[PDB]
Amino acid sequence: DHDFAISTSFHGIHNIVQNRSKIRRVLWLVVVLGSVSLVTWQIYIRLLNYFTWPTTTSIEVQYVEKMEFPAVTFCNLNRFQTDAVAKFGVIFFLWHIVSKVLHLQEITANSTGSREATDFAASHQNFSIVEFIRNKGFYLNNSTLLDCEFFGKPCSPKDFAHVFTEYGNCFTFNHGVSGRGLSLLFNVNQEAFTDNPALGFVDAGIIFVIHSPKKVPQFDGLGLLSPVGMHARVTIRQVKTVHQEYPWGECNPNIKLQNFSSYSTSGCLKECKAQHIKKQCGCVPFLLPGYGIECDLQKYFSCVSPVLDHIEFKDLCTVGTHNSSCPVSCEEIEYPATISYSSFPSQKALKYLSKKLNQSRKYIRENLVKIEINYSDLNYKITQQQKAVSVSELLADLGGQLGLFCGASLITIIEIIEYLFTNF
C-alpha cells in the first residue's frame, strides 16, 4: 500500500503519510498540490502560446566571388512615331482602350475620343492594332541607342529582347564585382516620336524598371525615370526575402501557375485575369502573353472593358494573405535603387558630340539621355522568417517547466499513469 506513495519517483511528496506527523503530512500534501497546480497552469499557457504558431525573422549579409546582374528593361515616354500618328489620332484612344487591361484607368464614357474610337472599331473590324503598335512603336537602332557597355564589354542592339507594355514596345537587357555595371546613352529623338498631351503624357525621358530575369516587368507607375540632358547614376543592391507557410507565415507553396514558371504574385494576377476574361469571351487580350486567341478589336469594347470594370467592382482578384486570390510568394527578390544626377553635355563635350552626330547643339541638350547602373560595394542582403518552434522545441520547454517545480519527467508521468491504471 504505502509503496505507491513512497515509490513514486516524482519529487512530489513521499512523506505525506510516511512523516507520521500531522503538521508534516499537511505540509507535504499542500506542497504536492501546489507544485503540480503551478506546473499545469504554466504548461497550459505554453501550449496556448504554441498554438499561435509564432515566428521570428533574421537578417544576414552574404557576399560571393561573382553575382548575377539583374535584367533591366527600357521604354520611351513618347510611344508612337510622329508621322504614323499625324493623320491617325484615333490611335491614341484605341491604344488606351486596349491597354486598360494593364493600366486599369477608367475612361470617361461618351467622350469625343471614345465616340470616334468606337466608330472606327465598328468600321475597321479587321484592323490589327497589335501589328500597328509593333511596327510603328519605339525601336532600338544605331539611330537610337548611340552607345552601351556592360562590365567593360561593348553591347549592341541585338542583345536586347522585345516586350509589350502599356508604353508600347519595350526592350529588356540580360534577359534569360563592385563598382562596374551597365552604361547606356539613348537618343530619345523627341522630334521623331510623339504622344498625346491631352491624355497626360506630357513628360519626356526614359522610363525603366529593374527585375529578376525570371520576372515580367510591371511598370504601372512603379518604374523609375531619367530626364533628358542629365547623366543619371543608379546604384542598386539585391534584397531577398523568405516567408513561412500560411499556418506560420503567408506563403502557399502548393499553388502553381499555368505557365508553371514557379510562382510570382504579378503572374498570379495576370493568370487570374486571363482566366476570368476567357469565360466571358473566347479570346484573350494579347498583352497577356499566351493564354489563347487574341480578341478582335470590337471585343475590347464589347466585353473586355466591362469585364475589367466588374472585376475591380467585385474584387474577384486580390493579393496578400492566403485568403487573397494571389498570395505572397515563398521567395522574392527586390532591387532598391538610389539615384543621383549630373548635367550630361558639358560645354567641352557638347561641341564634340555635335560634330559626332552632325546635329545642332540645341538638339543635343533636348534629346540625349545617359544612364548608368552599378552594384553597390555591399553585394547581397537576405531576410528570412524562422520557424519559432517545432514539436521538439515545445517538448524541450515542457520538460524544463515541468521539472522546475514538481521535479518530474515523462517517466514519472508514466509511473503515475501506471498507478492510476490499476486503481481505475
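By rigid core we mean the largest C-alpha set that fits within 1.5 Å across both forms. Positions refer to the first chain, counted from 1. First, how it differs from the form deposited in another entry.
- Core superposition between these two forms leaves every listed residue (386, 62, 37, 360) with a C-alpha shift below 2 angstroms except 62.
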The other form holds:
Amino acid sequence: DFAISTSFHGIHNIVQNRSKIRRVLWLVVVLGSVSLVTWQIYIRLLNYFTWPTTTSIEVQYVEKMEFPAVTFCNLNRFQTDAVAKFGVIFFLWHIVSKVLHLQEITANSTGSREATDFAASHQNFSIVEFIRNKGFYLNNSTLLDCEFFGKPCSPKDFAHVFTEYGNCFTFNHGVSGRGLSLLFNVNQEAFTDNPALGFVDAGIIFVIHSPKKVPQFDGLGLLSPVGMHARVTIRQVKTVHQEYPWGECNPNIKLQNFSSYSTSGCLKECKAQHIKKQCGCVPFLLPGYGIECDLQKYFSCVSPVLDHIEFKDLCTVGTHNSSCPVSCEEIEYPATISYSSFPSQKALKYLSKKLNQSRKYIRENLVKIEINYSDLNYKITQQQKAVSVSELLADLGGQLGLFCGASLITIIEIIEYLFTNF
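Could the form deposited in another entry be shown next, to go alongside the form deposited in one PDB entry?
For this one, just the chain is written down, with no partner chains and no other molecules.
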C-alpha cells in the first residue's frame, strides 16, 4: 500500500518482496540508514547553531585615499614663566586631568595638601582659561615648517584640542610614499613641567586617528625625540564584525546625538553620565555632556566617584555584555618608525644662521616628523556568516537525500500514513 506509493527508499522492498530473507533484511537496512540520517542531521543542526564564521582578507593599493587625522602635543605642557611662581598648578592639573588618565592620586601628600588648601581659597580660579592661555601653542616660533602632499600648510590648519597633555592641535580635522611633513621647535627653554610627577622626557607625542574620533592619548600615543628625524609609514587596516550571535558587535547601541558609535566614545559618554549623577557638573575634558564643574568639586565630588566607578567596574568594555561593546567597524592605522640624525653637519650650520640660535639649541629643541602612506596602504578584514538559513537548507537536503532519498514531501506522506493508522 504505502510502500508502493511512498518515495522513502527501502520500504518498497519490504512489502513488494515477501521472501523471508529479503522481507526482513531490507527493513533492517531501512532502519539502519534512517537512524544514520537522524544522527547526521543532528550533527548538522547542532553545528549550525554554534554560529560559525569565516573571514576574508583584501589588500590593495589605493592611489587616492583619505589621509587620517593626526594630533600633536608637547611633552612639556606649561610655559616656564607662567608656572615658576605658581607651582601648585601641577597638582591641580593632575587632579583635574584624572578624568582622562585614571592613575590614582595619593591623599595626604605634600602636593595634594597644597592644592586642596588652594582650591578651598581660590574658588574663582578657572583651570580651563589658565591651561588654554598658559600652555603649548602652535605659532611661527613653534611650527617652523610644515607641508601636506607638497602643499605648504600653516598653523591655521590645526584645530585646538584639550588633553591630559594640555593644549593639543590636530591636523586634517573634520598616494604611496607621500603624506605629512613637519618641523617643530619644542623650545625647552620656554616650556617645562614637573619631573617629580614622572614627566622627564622631552619631544613630541602624537596619535593617528580617524577624523571622526576624538584622540585618546593615554599611554598609547607615539613618540618622537628631539634631534632626530622620524619617518612613519601608516597603513589603513579596517575590520568588520558580525552581530552578537556571530560576533561581539551590537549595532542597536548608539551614542548621544545619534553619533557614530565607537568603543572609546561609549566609555567617555558612560563616565560622563555617572559623574553628572553623583555631581551636578561634568568635567570640561568631557566636552558635550553638560556644564563645567568648579575647581573645588573636582576634589570633593568628581575624584571619589571616579575611584568608585573603577572599583565597581561600571564601565566594562569588549564583549557584548560590556557597557561599551566592540564597534561594528574598526579602523586602525598601524605604524612603523625609523630615525635619522636630523641636524646634519651641513644643515646644522645652515639652520643655526636661519633660526638665529646656537648649534646646541638646535640639537636639543627641533623635532622633525614625516608621516607617509606605504605602497600597500589598504587592508580589509571581514567576518562572514559562514552559513545562512539558505545554506543550511542545502546541507540537510544532501544528507536526507543521500541516505534515504527522502524529501519534505516524503515526511508529510509518512505523517498522513501514521494519522490514518491512528
